[PDB]
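Before any questions on binding or motion, here is one chain by itself as structure tokens, the form deposited with its partner chain bound.
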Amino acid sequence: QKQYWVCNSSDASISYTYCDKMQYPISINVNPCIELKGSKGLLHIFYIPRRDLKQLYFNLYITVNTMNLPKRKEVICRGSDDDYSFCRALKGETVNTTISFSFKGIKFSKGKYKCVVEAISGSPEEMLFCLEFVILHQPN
């Protein structure tokens, strides 16, 4: 049980913990740090997954100042000729990858957001990891 400080931005303070028993080392860099007002950057990930990344998805359980959001299910790898090269990664294969991202357009209330990210992949699809992001949002 340790807290992993990711980055601070002009908007946001981002850290995570694990929410699973078997806390496989993961390395997550974000350049530049996420500004909730909207930003673009690179997500760097170094990971040795204990299952194939085939059909990766995230269940996301988000909380805003204590208020829960409905689960979102975010499909990352659809299964066949996927957009992302890491979708082809196997159990035990080095994933050392850079993923670009972009968004704008949503005002967020000031405060504390949690995001339980439950990654799921494989054939009898099982949990890959569970991370709990805390994002402190101080707007402007």
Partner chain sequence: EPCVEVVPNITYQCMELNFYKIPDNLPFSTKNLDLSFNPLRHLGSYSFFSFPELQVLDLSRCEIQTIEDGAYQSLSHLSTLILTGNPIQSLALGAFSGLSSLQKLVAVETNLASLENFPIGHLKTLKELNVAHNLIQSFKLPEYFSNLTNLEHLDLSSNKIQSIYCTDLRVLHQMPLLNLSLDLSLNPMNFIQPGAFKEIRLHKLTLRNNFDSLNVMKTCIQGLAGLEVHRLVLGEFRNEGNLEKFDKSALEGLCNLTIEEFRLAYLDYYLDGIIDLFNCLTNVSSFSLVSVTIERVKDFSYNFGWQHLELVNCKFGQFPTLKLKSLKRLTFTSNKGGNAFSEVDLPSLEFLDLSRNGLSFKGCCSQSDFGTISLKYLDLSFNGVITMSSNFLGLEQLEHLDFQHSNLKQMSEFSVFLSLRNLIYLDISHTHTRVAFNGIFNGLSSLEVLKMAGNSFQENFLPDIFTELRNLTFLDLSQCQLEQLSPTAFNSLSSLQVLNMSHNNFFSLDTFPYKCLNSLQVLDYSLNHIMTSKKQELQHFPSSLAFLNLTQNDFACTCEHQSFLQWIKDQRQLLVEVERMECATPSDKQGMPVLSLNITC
Given for the second form:
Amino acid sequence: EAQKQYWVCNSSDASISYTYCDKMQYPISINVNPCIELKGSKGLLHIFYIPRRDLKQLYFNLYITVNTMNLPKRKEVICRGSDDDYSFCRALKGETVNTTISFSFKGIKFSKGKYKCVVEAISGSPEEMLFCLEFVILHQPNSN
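Next up, the form solved without its partner chain, please; the one we just looked at was the form deposited with its partner chain bound.
Next comes a single chain, given without company.
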């Protein structure tokens, strides 16, 4: 069977999809409202996820590619110490995550072509992979 492609949304200037990278684990549902514009936009990210492991200490390595040019790794801590953490950080393996998160994307000026971001999600520390997603963000060809 062919590899499954997942579509998230189209905005006026972008088209967002992803596939599962690395080992296939539990599925995840992602929705963005309104759809992100490469130019910059804000909104709401909805995640529905039954995690493979506890979300505590959750973090992302980000490998971003900009028209075939790879950028140095980025690491983003999501679930830290004490409160102010998202309520999903206290989720344990098998416990439904069904939440909404605010986001503000600053934008890429003079955007064009195609961008990729691989999200390597690690958690449970003891650290194990949680999931790996490879997002492809196409610039709409009929828009600046």
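Definition used throughout: the rigid core is the maximal C-alpha set that superposes within 1.5 Å between two forms. Residue numbers count along the first chain shown, from 1.
Look at residue 22: with the core superposed, its C-alpha moves 2.4 Å between the two forms. Once the core is aligned between the two forms, the alpha carbon position of residue 108 differs by 5.2 Å; this is the C-alpha shift at that site.
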